[PDB]
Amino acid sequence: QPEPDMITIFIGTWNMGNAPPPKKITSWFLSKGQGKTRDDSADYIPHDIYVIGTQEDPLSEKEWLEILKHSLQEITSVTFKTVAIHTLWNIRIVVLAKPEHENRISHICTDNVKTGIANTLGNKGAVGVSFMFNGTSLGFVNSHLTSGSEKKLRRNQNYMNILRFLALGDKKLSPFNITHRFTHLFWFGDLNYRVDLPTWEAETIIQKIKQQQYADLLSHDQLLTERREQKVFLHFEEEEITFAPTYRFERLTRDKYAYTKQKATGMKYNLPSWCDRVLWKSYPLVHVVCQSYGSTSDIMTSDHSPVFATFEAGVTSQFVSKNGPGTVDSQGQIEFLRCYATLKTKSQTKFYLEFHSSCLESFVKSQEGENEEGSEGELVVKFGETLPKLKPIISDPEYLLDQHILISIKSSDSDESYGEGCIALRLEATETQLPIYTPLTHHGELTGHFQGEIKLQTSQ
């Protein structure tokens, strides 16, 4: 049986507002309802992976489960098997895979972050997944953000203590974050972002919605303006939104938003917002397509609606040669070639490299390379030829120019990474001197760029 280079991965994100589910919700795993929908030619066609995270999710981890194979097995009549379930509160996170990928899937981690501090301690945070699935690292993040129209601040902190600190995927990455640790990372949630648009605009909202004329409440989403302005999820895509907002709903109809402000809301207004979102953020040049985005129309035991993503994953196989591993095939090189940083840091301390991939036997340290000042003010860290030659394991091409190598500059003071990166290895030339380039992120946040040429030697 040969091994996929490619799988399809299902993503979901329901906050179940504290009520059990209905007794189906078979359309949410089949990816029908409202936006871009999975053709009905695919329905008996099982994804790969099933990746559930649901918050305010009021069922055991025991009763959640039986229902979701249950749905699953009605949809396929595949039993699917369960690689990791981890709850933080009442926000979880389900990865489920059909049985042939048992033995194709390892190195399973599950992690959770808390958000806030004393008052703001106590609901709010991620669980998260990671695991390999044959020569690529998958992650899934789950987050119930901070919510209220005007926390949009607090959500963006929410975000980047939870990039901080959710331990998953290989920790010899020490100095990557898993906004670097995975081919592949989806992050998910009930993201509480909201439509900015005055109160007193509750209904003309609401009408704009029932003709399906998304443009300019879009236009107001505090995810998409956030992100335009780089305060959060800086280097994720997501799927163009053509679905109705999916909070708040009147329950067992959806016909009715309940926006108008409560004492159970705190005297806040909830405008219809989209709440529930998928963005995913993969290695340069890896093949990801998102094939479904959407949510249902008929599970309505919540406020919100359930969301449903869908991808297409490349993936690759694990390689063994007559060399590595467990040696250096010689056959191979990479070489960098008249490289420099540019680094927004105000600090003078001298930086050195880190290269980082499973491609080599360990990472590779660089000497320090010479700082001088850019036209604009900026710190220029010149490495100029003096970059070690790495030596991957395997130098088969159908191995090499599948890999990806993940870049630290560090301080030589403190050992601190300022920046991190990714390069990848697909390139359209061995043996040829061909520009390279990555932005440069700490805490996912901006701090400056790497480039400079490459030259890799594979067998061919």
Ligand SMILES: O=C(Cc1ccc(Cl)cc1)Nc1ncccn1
Given for the second form:
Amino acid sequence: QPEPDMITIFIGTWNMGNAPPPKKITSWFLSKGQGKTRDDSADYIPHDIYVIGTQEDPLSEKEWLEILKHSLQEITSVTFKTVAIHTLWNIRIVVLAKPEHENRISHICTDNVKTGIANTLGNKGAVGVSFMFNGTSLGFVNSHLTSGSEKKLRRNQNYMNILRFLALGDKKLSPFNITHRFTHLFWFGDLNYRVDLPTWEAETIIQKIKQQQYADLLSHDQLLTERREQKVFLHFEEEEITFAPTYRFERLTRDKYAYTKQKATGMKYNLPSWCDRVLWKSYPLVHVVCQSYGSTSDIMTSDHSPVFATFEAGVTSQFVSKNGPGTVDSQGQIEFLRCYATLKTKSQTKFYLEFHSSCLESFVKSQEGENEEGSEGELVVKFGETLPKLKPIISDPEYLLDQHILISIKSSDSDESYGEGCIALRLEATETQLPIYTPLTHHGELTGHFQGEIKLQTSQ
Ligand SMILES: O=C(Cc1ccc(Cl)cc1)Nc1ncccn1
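Same protein, the form solved in complex with the named molecule this time rather than the form deposited without the named molecule?
Expanding to the full complex; the earlier chain stays at the top.
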């Protein structure tokens, strides 16, 4: 039975509004309703992995697991295995996988982050799950960010705290946050970004939604505008939104948006908004294709509609050779020519590089680079031809060309990372000098970039 080179992943996000679900929720797992929906011809085909994020979830873990498993069994006639479940307050993540994947899944991690301080600590934050699927690392984050149209900057802060402090994936990757630890990272939830239009336009917005004319609403969506201005979710992707705003509905119908200020809303307006979202970030040149992104029409117990997204994702096998793992394969090497880092820092410490990859026995520290003054004020750290030669555990190009090198540039004075990035070994040629490039981030903010040339030697 051969190992897969692709899997499908279902991502769900639903703010349940503290109400139990209706008896049937299969439309969610089938990607049926509005938006980019799944073909009917696929309905009996199980996804490999289902990741369910809920917010304002009133159910016990046991109660929700029974509903989810019984739902999937009705659709697929498959009894899914529970990979992980983690709950912070009323924010929950469940990962389910086909039984054939049980002995492909390992290194399961869960964590949570509580956002805010005092007043604003006690119900918002994030839960997450990571694991290895054969040779591929997968991370999943369900966040419930700060509410309210006027609090976009609080949401951006919540985002930075979650990606700094959520402790998932390989702890040996110590310079790297969750935005660099995984081959594929999915981040979803009630992100709570709103359509930033005047209150007086509520009925006009509703009109536009009834016409299925979303363009003038999406151009004011705070998440799209904050992402375009590089304020949040830098280097994440989102599929085009082609479904109606998923908040705020009158319960037990979808015919009415309930936007007016009420004591129950703290006298705040809730103009129709795309609160409920799915984004992802995959390592460079790894296959990832969104095959659905939409909302259900028939699940009406909450003031939010459920959102679904599905993906084709590239995966690799757990490779063994005569040599690695447990030794190097002298027929493999990775060389770096004409390399330099450009950093936004006002500091003047010496800097060195760390190279981290599961194709290495352990991470590799470089010598210090040579600082020059850049012509526009920036710091340029020159490595030239001085970077060490990396010795992969396996030389077979079927393995090595699928790998990635994580780079941290660190202060010699403090050993703190000033920037993190990632280089793909999926090159156009071997034994050939080729340009490489990554942006550098720290705490998920842009801090610089790393560029130079690579020369990769494989067994072929
Ligand atoms: O339970 C797991 C991890 C796992 C892996 C795959 C899946 Cl589909 C579900 C769970 N390991 C384990 N095994 C025996 C005793 C204790 N822990």
